[PDB]
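S.K.: Residues per chain are reported as follows:
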Amino acid sequence: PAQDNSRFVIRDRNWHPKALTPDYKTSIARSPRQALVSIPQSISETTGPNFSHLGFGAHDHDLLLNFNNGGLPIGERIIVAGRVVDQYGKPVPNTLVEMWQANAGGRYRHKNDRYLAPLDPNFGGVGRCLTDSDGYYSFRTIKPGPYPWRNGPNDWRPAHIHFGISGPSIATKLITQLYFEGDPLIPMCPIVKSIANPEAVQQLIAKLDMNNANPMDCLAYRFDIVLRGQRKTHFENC
Amino acid sequence: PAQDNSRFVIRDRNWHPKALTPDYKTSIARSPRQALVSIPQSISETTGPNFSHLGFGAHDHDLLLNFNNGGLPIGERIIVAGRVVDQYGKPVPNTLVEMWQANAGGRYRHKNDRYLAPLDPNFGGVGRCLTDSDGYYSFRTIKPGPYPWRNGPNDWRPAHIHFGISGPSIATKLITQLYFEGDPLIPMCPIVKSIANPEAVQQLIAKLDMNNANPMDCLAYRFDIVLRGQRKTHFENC
Amino acid sequence: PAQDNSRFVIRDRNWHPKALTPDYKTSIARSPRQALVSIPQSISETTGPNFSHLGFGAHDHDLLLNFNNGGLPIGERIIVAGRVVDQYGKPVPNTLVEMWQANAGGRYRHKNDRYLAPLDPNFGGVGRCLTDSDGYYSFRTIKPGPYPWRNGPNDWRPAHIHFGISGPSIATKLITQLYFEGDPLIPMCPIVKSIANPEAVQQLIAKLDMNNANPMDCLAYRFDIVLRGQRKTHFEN
Amino acid sequence: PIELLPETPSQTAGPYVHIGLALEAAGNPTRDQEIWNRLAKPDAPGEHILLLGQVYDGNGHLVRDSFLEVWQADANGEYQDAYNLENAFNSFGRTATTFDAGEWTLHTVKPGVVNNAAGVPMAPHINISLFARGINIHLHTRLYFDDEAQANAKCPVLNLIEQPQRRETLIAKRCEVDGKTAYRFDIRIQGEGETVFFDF
Amino acid sequence: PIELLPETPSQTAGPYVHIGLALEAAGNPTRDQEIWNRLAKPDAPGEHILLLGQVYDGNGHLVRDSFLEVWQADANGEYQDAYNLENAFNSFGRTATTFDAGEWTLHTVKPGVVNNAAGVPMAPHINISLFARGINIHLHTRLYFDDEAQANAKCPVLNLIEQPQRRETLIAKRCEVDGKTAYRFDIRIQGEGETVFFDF
Amino acid sequence: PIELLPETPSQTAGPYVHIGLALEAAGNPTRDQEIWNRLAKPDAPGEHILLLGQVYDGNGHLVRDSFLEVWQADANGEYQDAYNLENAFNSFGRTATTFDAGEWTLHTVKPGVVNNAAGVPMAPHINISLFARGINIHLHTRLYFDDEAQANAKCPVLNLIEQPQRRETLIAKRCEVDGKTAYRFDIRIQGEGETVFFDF
Amino acid sequence: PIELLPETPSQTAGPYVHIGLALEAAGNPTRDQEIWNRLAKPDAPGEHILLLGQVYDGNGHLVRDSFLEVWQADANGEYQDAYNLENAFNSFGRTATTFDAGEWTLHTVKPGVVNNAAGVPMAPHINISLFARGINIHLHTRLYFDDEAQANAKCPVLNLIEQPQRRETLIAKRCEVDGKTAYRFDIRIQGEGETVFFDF
Ligand SMILES: [Fe+3]
Ligand SMILES: [Fe+3]
Ligand SMILES: [Fe+3]
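Protein chains in written order, with PDB author numbering: chain D, 301 to 538; chain D', 301 to 538; chain F, 301 to 537; chain E, 1 to 200; chain C, 1 to 200; chain C', 1 to 200; chain E', 1 to 200. A prime marks a further copy of an entry chain.
Excised from the complex, chain D in its bound form:
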């Protein structure tokens, strides 16, 4: 079973988005008004699930093939790849990376999405994988489209892929969104702008990666992820 043998660098909650960011309207009623209560790290927080023994399907990481109803999906073929490291630069191997997204026209395969852009019969928009022994992951997909949403009267999400990363503990687990280099919607989005620091926003922008493209086939984007720094315990209970 799991053991308490490490500590995680405390989060900077001014680098992350704050809870109450009223231009993102849903945050108004879904943000605590009381202060978070700080607690010391124990085995409860410094451990978490490892997914090495989860059984993955052959196409779990390949959105071009994992919703195959007779053809390929329509849209911009891309590899999305990167490395997961911690704040000390140490790779995070064998960690669970999950992703989900809309299709090329900004439509999600969910009942609650009634956007008039059509569903793609050969696209589901869901992927998962484990990072390899050196911390790298990769997915193949189509570039999602932007889409409108009921925030302000003319608000549009930039194209994005939702990500979740487990990391070594429940203290490291993160959900975020990947945006794409140059997208003119990024500066305009109240969800992006829930992050107050422009340098932090830049950390969510995937870069075009021609070096990793398959010529005559698909482009590639690079999205590196940084989880909380992990260190050994030192001088505790003495």
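None of these hints come from the bench; they were simulated from the model.
Misleading hints may appear alongside valid ones.
Unchecked claim - With beta-carbon atoms standing in for the labels, derived distance ranges:
id : chain 1 : residue 1 : chain 2 : residue 2 : range
1  : F       : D323      : E       : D32       : 40 to 50 angstroms
2  : C       : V177      : D       : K318      : 29 to 39 angstroms
3  : D       : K318      : E       : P1        : 19 to 29 angstroms
4  : C       : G77       : D       : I310      : 18 to 28 angstroms
5  : F       : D323      : E       : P1        : 52 to 62 angstroms
6  : F       : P498      : E       : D32       : 55 to 65 angstroms
7  : F       : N454      : D       : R313      : 34 to 44 angstroms
8  : F       : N305      : E       : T181      : 33 to 43 angstroms
9  : F       : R531      : D'      : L336      : 27 to 37 angstroms
10 : C       : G77       : F       : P498      : 52 to 62 angstroms
11 : C       : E162      : D       : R313      : 13 to 23 angstroms
12 : D       : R313      : E'      : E3        : 26 to 36 angstroms
Beta carbons: idealized from backbone N, C-alpha and C, even for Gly.
Given the structure of chain D, go ahead and fit chains D', F, E, C, C' and E' with the ligands onto it with the hints provided.
M.R.: This is chains D', F, E, C, C' and E' with the ligands only, laid out in the frame that chain D set:
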């Protein structure tokens, strides 16, 4: 019939791309090696077709509906709109604007395009319209995808829409390509870079136009076109 | 007989003042705490009154003569003029422009104003007009004085004239305040500073306009107004 | 991206708004023609109704300096933009709350049904814009009628309000005032029972 | 000072989180193996219990799109980190609230006591992380049990909450669902009865 | 100096130009009205002729993806600019070379003489603009006729070409296609026999 | 975009390349082991062949200072990367043109068929890299065999050459030299008959 009653400002052939731009490989064998011969403007050059009496179909300007085989095309719904003016800033009304493009995945509906990205059964990729009495045009379409091509070993066109504009004379007729704001492929493309002046390249980049969007429906891009300046004749044959 | 044939550019509510701006104390209890609900434009929102056949009195635009009780008002004689356009630069003709203001000493002609600066027996402080066919309006008035108010313990409004503009629809209707070039009170005012963007504040500052003055008579200020951009509908169902 | 000229920013109407926009309510002399709270002469077609209401702040206290503008269809569901005091009906009017009269009134007819831009009927409504000291940019709302329950349930605008409980804030309550049909429409700017406000 | 690489910033999970992380709850086809809400096979050691709850926003309305992750010790006070659908017990699981099912459920065993880093026993607890549209960074809380009052009163983590009234928000209420032992743990994100949320 | 707005820069038409401008040549469905290669209805005034040609690159290989626009006077020396598919004669048309049809054709009448701006007669000619993959800005040329030798020798435009050998590149060769009067006008973009291209 | 470390840029090998890379050809003493032009000992499996050729510049003159590197499969279609002078066969070799010997030679076996990355057979070929003074970055080509016509017609690499006439430049001509099977492969760097050069 047509009359010779105007002159057109001479083209700047260092603003336009030159014929021989060898990084665009096909230009090597398709560029003249002799100098162009300059000739004075006559009725032959200063007149041209007007298309006010061409019969347009109801959906000729609407690529979401003009290849309707049972559904909407997949991809990012956009309006592409703008104004055609001449170099003196005078609007160019009732002028023919034609456009063609790939689908959301960078595939053209042409036999010679064997890119593995699929065709969209509800997308044809061809539009036309006339500018209105104040020089404005508009199309509705899906944003085309980038695509690979057999130039260098890993070359990719930025997303683009091909345009042709007639203008008042055969001297003004132009074919060009529209690119999209922020696309990281633009600086890398040898066809874009056939244009030597970076300021000229910027004239081909359509800007995101939130003001012209249909909320909850489609985004919009603005692409203004400038044709050669037209003036009256003066002090000729005297 | 009004028709739904146009759409108006969505407002930038970070350019406008937000509702909750606590240094302006009254806003604390008069600001919604729930998000505004966005709704699509319909004929309800994209139409509005046209006042072309409202009957104006001869001096409705002339505050030097419209409260005449035996003489002229005391204070700095000024013309206040400008153009109303939309965000596309299109003039807004035949639109209703209403204004109200304090007298030269910062006193309003309202029972609730108990400021010790006296009323002026020949000044009422109220005007209205229509923009002309090219979008231009003009008023003649006296420059209002600043005045103290019960916000912080030593708060003073910069000299200002209140404005209301109808525009082509209820979606374009606007109330605002005009301030005067160079007034050192402007950067200190919590009502001015309800507007977060300093470039937006600058849009409320009327410029001295010597070109439009009547020599030996009155000065002039220019205050241009921009209403929401109007466009035709396109590709709707 | 394309950036147009910025709109002139809003400012509060302030405590003396009535001297400029509600002269009778300010206790000041009026001009020959004023835009006020009688949208319908007695001879106008449709059901003649009295509307009245009070405005409350976030501490539950009366707002005694508000200024309201209203815009509504005639009884046949047509907006009448040609404003004229000689008209039997005008689609536009103004009212106010003051220190002497904390309850605003409107004299109008019940508006007919108007379709939205997609051709879907909206329930009968009056569009309201609310101005006052402390309000930096005016608040938009709609007054619907409690005796139009079926129509209200199907209104595409009401149905954009996510919570049924909040839809209730826009429904005016039918009553009788001096034998005449009336509806009360109270507005709560902030807090418990906060009125839905719109952006468009 | 020493500045490390910044952590990738959080963003909301958004309204379609279920398509990625709760496929069955999304009504979409599942993969052969999914991480879900049954932590214990029937023969896992310990007292088998159902956990359930509803999530409320600051207006007292149900959150019908939440996603929850849980982490708990097994009945013997051991954290089982080698996730496997063949395990008798997994310390990790996932659940959700949806339009059809506004109440989340978890099938588990009552956790055993684990010590904090100073060797002081913590009361039996489930670690919970809450994600949803409108939540920009996930909220951490703990579920404790109302029939562990003696242990709860001595828990070094509960005792970091300054006010006893707030400690009460973390105590799940024993009940019976279909006749079987259950504990209800409602979460109130904002306002009256606001649930304690942790940083660590 | 005075600098006007710069002209939008040209780009190649690319290999799929036909899908936009030559739909029938592309093998795709056509619209009700298309601008194509039949300038003259059978009863148009003048001598009815076929024009045809092939386009060669600098290696002497066929260009199998070109697109050509033409502009010519009618038989009476008048430019008919009011384009209409119902016209007896249109001065404008389009043609193309393709994988299946490497040789372009045009059905027209022999143009009448028009004067230049100084009043000097130009020899009968067709104005041609050539577009294709590899051509960054279209190439302008003129097609003259080998049976107008006297007029050609006096043409003020042909005489701006310094070398007689180069003038020969613009002279189309009379021939017969299916027994009918035709002129062949091959274009050599580069190298030996390079066709004269104009700037104006 | 992502930018990696730039590759070290190429420079010409220059006129004295043989002193470093072709010592015997330079007329200088050799070391105990040299990489040279005998890929196959007489005992190696496969058809033993002599390859020879001359290299020409754009004026049709002999290049008398070239250096060539070759890479080919063995007779069974396997590349042998473990270079050793004790091997009966090595996949790699070097040759040169010099002032005394303008015609390079190679002693090898005919390579077997190798599939491309998509599993499609390529025709038998030798990969060649050409270096010399005046050549700033080496030129890549392939030597195919005129007695493999059927295979050559189907080669997915040959078929990427748009013009059939240019494909002919890569086909070596079978002959006999002193009774032994040989093929001549001349390279024309520039102009008439210019050899196809590849990028990959
Ligand atoms: Fe004031
Ligand atoms: Fe999303
Ligand atoms: Fe293209």
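S.K.: All hints, please: hold or fail.
M.R.: Hint-by-hint comparison with the structure:
no. : hint                                 : verdict
1   : F:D323 / E:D32: 40 to 50 angstroms   : holds, 42 angstroms
2   : C:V177 / D:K318: 29 to 39 angstroms  : holds, 37 angstroms
3   : D:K318 / E:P1: 19 to 29 angstroms    : holds, 27 angstroms
4   : C:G77 / D:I310: 18 to 28 angstroms   : holds, 27 angstroms
5   : F:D323 / E:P1: 52 to 62 angstroms    : violated, 32 angstroms
6   : F:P498 / E:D32: 55 to 65 angstroms   : violated, 43 angstroms
7   : F:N454 / D:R313: 34 to 44 angstroms  : holds, 37 angstroms
8   : F:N305 / E:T181: 33 to 43 angstroms  : holds, 34 angstroms
9   : F:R531 / D':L336: 27 to 37 angstroms : violated, 43 angstroms
10  : C:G77 / F:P498: 52 to 62 angstroms   : holds, 60 angstroms
11  : C:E162 / D:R313: 13 to 23 angstroms  : holds, 20 angstroms
12  : D:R313 / E':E3: 26 to 36 angstroms   : holds, 33 angstroms
In summary, the numbered hints that this structure violates are 5, 6, 9.
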